[PDB]
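Since chain A is already given, all that's left is putting chain B on it; use the hints.
Next come the chains, spelled out residue by residue.
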Amino acid sequence: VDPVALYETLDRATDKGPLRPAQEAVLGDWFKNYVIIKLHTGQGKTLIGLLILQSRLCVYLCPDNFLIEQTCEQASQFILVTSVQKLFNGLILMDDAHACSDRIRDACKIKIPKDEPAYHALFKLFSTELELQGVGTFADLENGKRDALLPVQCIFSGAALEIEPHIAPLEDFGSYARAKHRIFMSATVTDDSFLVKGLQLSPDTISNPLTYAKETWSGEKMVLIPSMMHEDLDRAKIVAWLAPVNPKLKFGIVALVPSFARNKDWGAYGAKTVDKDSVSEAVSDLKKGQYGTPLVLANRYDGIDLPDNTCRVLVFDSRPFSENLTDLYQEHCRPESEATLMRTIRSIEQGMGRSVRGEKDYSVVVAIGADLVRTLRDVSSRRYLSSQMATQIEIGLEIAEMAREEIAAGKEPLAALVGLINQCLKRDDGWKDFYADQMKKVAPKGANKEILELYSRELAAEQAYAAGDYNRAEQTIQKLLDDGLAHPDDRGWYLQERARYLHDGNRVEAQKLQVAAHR
Amino acid sequence: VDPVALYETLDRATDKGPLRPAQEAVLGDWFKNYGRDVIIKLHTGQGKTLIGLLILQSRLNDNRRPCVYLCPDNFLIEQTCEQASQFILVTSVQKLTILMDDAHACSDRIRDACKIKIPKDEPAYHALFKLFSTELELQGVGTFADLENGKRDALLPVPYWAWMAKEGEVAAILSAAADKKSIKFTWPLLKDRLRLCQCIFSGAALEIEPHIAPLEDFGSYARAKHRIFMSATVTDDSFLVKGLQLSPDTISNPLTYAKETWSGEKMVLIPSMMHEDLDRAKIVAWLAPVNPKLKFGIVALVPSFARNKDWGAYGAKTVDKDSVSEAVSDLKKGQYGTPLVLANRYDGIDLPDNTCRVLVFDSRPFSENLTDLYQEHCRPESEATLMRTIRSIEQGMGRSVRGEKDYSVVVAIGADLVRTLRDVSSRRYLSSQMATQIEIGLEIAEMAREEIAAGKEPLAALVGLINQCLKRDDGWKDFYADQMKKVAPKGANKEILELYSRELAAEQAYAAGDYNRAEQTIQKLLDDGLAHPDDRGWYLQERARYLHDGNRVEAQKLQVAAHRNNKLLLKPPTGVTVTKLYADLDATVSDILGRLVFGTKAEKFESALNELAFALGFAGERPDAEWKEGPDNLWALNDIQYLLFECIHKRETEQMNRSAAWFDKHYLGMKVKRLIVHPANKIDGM
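If you read the sequences in order, they're chains A and B.
Reading the first sequence from the start, the letters are residues 17 to 50, 62 to 84, 91 to 111, 132 to 144, 159 to 219, 259 to 625 in the UniProt record's numbering.
Reading the second sequence from the start, the letters are residues 17 to 51, 60 to 111, 132 to 140, 158 to 642, 663 to 728, 739 to 774, 785 to 787 in the UniProt record's numbering.
Chain A with its partners taken away, still in its complex shape:
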């Protein structure tokens, strides 16, 4: 049942030709051998997925329900697909593996808020581990605010009662771990080094992505970082520019924004401030040419398809801070740690994977905020980023250089920004060929072996602490520091991690470690 040849048995629509060359190859390499099918989206990952889920003659998986009833239509234009909220139980394929890692993370955080009565039983019951330290800062959480940590496995914070381990406990999804092996998919822009934290699977075959030999470069992403062109284009200007209704544009806007408070900046101009399934409405009307109203989504940097003129402009408004509070509290506590940089970058990259879904596609991405700049400027963070991303980012940086040249030539920053968006929109060949020259810097890479190993140790520390063998966690962090894998601040923070692993043991050693970290 061979997925390179037997594709010619599909009584496909008149609009459907052969396979891509890359599909011919990757289907063959799957077939001869059988993991991350890194390909530029628009190499027909839908078709690759459905042809593996034909060669299994066993089902798809995807972020969340809104798209999946739509995506099954290609089993009509060319076993039944299903979303990931189903089929698993606690006791093949997947798609957009980091984008769906957030959905499978939020399904771990079954928090319940403090106005539901269960907290008032929880707060006194759990008190024996937290009251001994927390009363020094009981202030925000006495009023129900979320801004305070509770100094108690799972984390606890001043907001809701919160079943949230540091790693997402997605192991409570059973058959995910049990099948012989299962293919993923992921755009080549993905930093798949995060998978061992985002999806827990182990470093080895994650380091060998299935890849066409000539797999190279794709997606005309004009990734504007206008926070490195001028402060006249700092974040507040774009909201007050692209949020109004403007049906005179021939393509969709969308905006991706960090919090439900900032819906009051975009929505001040009447944008369609949807929720996590009414997005279907504004995306479908943007397909149906209703280019009038910018769709806007809070804290959903992921799991949206916007092929071709459905979006030539995505506004990536600000540096993400998660739907989950532990991932936020660590941003305060570990401000230049590897964990914080990779956790942010894994979203910064995924928050650009929406507005391109074709191989020859073109797209403005505007990604803005000086804190986002602080996260993307560092060469170490472009080391975390994929080399396709690192190149596309650096091309974005060169466009910001040309934009600063234009402004130095006296061009008003918003009129230069309109000009730049004109270049990508109107297929300006002097821009397209410039971009084609610049793309020769692209080459693919495997997952980063430096980091998969450290994260397997950190992950193993979490599981050993969970498996009743805190001693093996002590050995893991000792071995980690002896190998020198920690960043200079983590050389302090790991004493607090060790202490958290040891507060169930001899209380005094962990206490001395915390005192040694507290400074």
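To be clear, the hints were calculated from the coordinates, so they are not data collected in a lab.
Be aware that one or more of the hints could be misleading.
Said to hold, decoys possible - Simulated crosslink set (EDC-like; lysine to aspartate or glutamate; CA at most 16 Å straight-line): (1) A:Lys320 / B:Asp27; (2) A:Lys466 / B:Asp31; (3) B:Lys538 / A:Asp27; (4) A:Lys538 / B:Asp278; (5) B:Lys532 / A:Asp27; (6) A:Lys466 / B:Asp278; (7) B:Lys555 / B:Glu444; (8) B:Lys393 / A:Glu511; (9) B:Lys466 / A:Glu24; (10) A:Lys32 / B:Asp31; (11) B:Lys466 / A:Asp27; (12) B:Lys252 / B:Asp278; (13) B:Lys32 / A:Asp31; (14) A:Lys466 / B:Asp27; (15) A:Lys532 / B:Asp27; (16) A:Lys538 / B:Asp27; (17) B:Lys466 / A:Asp31; (18) A:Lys393 / B:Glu444; (19) B:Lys555 / B:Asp310; (20) B:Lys538 / A:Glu24.
Leaving out everything else, chain B in the frame of chain A:
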């Protein structure tokens, strides 16, 4: 610029893959060569829109411009260049360096646009009727009265000698009618090229047409710098020589894909060769009333505007070639309750995927052109007649597919396609694809007979076979997947090309005034022995036809000899004197039985009432069509006994008087039984 590499520079929509293997091979073959004329064939969905546009883009960017694809109709001007959004100049053929699609369809829109048709309502009919009132009578004393009484399909020519003798009077009468919708579009052409043409009368319309469509007159296509007449692999490309003015070379070197065998699916049905309880009288009872179950479009194709009545009475949506532009779009929406009905739409509609999974093909496409009916009268069995009817079969089934894994149910039901698709000689005039697809259609028809032999309802057997193509049946798919291995595309038979090219050159020679060079070319053809002896008489008429402009004595002797070979030809006013007169048998009698029914179209009725003599073994003639006076039908029952038939109101009483006087004049005192064509029996009628 290079069409091998150009494809990957396309800003193509996310739903579009790479360049196909067939397209890339064929575009190597184009680019390593032509980058003036060459045919192509390429199966539907091999992307002839895509191929056509990589070529026309390729030409447009090396500044060799303008160059244009033709859509076979006005409907498609949007549906084609939509794929300049999904991936330039384009236009409908009725609006006109031109690199075709759908070669026979684009031929025919170039012919029917170049053909006068004047209906009985307008004085333009009656003034010409007054003009030719003597010579039409002297070509059918009987039939000349059925024009004023006005049966739709009584049919008379005006002879070449009549036409040339009254040239300026016709030109004056119809210049005085140059504004009418019956005349307006054709008029800049045939008002000048009079003598090359012929003119034919019927009791509902009259027509005027040249024997070769006047391509050289065109503003653009006549002066083209390159062409490539792409067509579906279904087409027998042999007909394009005269319709599109090819060399034999151009058609002889087609750029098909080097490893092509078969692609595209048509479940061609011939229900009239399954059972008579499945011929057109059965299929009448089922298809057009509204049905709730259907998930796919249905289009009824009928030969002419008068044939709408049955499906319209059952209630299918009787749109026309203009108003179809709505319903064909609502077939994409979901209008599946009510089928369309289209008259004479064997060409120019493209119905991809579920826009049509069922198409009905009612009857043998006797043209919107009287010229082809009267050449079916002059030459009922010639190569030209068999080609011009077989070609319309080969086009009509090509409506309901435009992909390669696309699929379709062309239901072709005619009682005369019985006496059309059977003959292997007639199936010479097909591509190897279309010939094989038709033969698989007859084996499929036999399998429907086997279902009826399993006692199943014949219509339900059709609904079953419909299911076997709707639901991608393992049976039909593997049955086809076994049988089509026999095929690769043909070139063309040089014997046909050379014959047809000499026919063309004879017309062009007479247009040059070299009537003698045309005449010699015809004699040369007969000395090469290619034409069957029954076509020889038409060629003697062809010799005489041009010679009448200046060598009337030999032309008259030739016309006498033409009449001696085949009497249904034109007969001169002087010199000629009246001389004294199992399944394939089932099919041919069924074509006779299908026409002899009382009140049928008169030409069909009379022709069946002549052929019925030979089906009964008598020697038959049509004196009103042969001797041009006297009875419409006359048989010798033996050399002393005869049988006679004649076409109740006042005016019809003249006919039996004249035909009696003719018979008593030429066949003096011979014994006869005399009949009149009426079912009425008071004022034998049989």
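Results for each hint:
At most 16 Å may separate the alpha-carbon atoms for a hinted pair to count; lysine 320 of chain A and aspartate 27 of chain B exceed this at roughly 20 Å. Between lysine 466 of chain A and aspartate 31 of chain B the CA atoms are separated by roughly 11 Å; this keeps the pair inside 16 Å, and the hint holds. For the suggested pair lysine 538 of chain B and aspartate 27 of chain A, the alpha carbons sit about 10 Å apart, so the restraint of at most 16 Å is met. Distance check on the hinted pair: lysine 538 of chain A and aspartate 278 of chain B sit about 46 Å apart at the alpha-carbon level, beyond 16 Å; violated.
Straight-line distance between C-alpha atoms of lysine 532 of chain B and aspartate 27 of chain A comes to about 10 Å, which keeps the hinted pair within the 16 Å bound. For the suggested pair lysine 466 of chain A and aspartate 278 of chain B, the alpha carbons sit about 45 Å apart, so the restraint of at most 16 Å is broken. Between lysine 555 of chain B and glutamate 444 of chain B the CA atoms are separated by roughly 15 Å; this keeps the pair inside 16 Å, and the hint holds. With a C-alpha separation of about 52 Å, the suggested pairing of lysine 393 of chain B with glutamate 511 of chain A is violated against the 16 Å cut-off.
Taken as a hint, the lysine 466 of chain B and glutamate 24 of chain A pair is honoured in the structure, with Cα atoms around 9 Å apart against an allowance of 16 Å. A C-alpha spacing of about 8 Å is found between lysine 32 of chain A and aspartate 31 of chain B, which places the hinted pair at or below 16 Å, so the restraint holds. With a C-alpha separation of about 5 Å, the suggested pairing of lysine 466 of chain B with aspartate 27 of chain A holds against the 16 Å cut-off. Taken as a hint, the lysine 252 of chain B and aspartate 278 of chain B pair is honoured in the structure, with Cα atoms around 13 Å apart against an allowance of 16 Å.
For a cut-off of 16 Å, the pair hint linking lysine 32 of chain B to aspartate 31 of chain A stands: about 8 Å separates their Cα positions. The suggested pairing of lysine 466 of chain A with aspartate 27 of chain B holds, with an alpha-carbon distance near 6 Å, which does not exceed 16 Å. Of the supplied pair hints, the one linking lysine 532 of chain A and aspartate 27 of chain B holds, its CA atoms being roughly 12 Å apart against a limit of 16 Å. Distance hint between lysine 538 of chain A and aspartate 27 of chain B is fulfilled; the C-alpha atoms sit about 11 Å from each other, no more than 16 Å.
For the proposed pair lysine 466 of chain B and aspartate 31 of chain A, the alpha carbon gap of about 10 Å is at most 16 Å, so the pair holds. As the CA atoms of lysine 393 of chain A and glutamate 444 of chain B are separated by approximately 55 Å, the hinted pair breaks the 16 Å bound. Distance hint between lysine 555 of chain B and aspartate 310 of chain B is fulfilled; the C-alpha atoms sit about 9 Å from each other, no more than 16 Å. For a cut-off of 16 Å, the pair hint linking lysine 538 of chain B to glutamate 24 of chain A stands: about 13 Å separates their Cα positions.
Hint check: violations occur at hints 1, 4, 6, 8 and 18; the rest are consistent with the structure.
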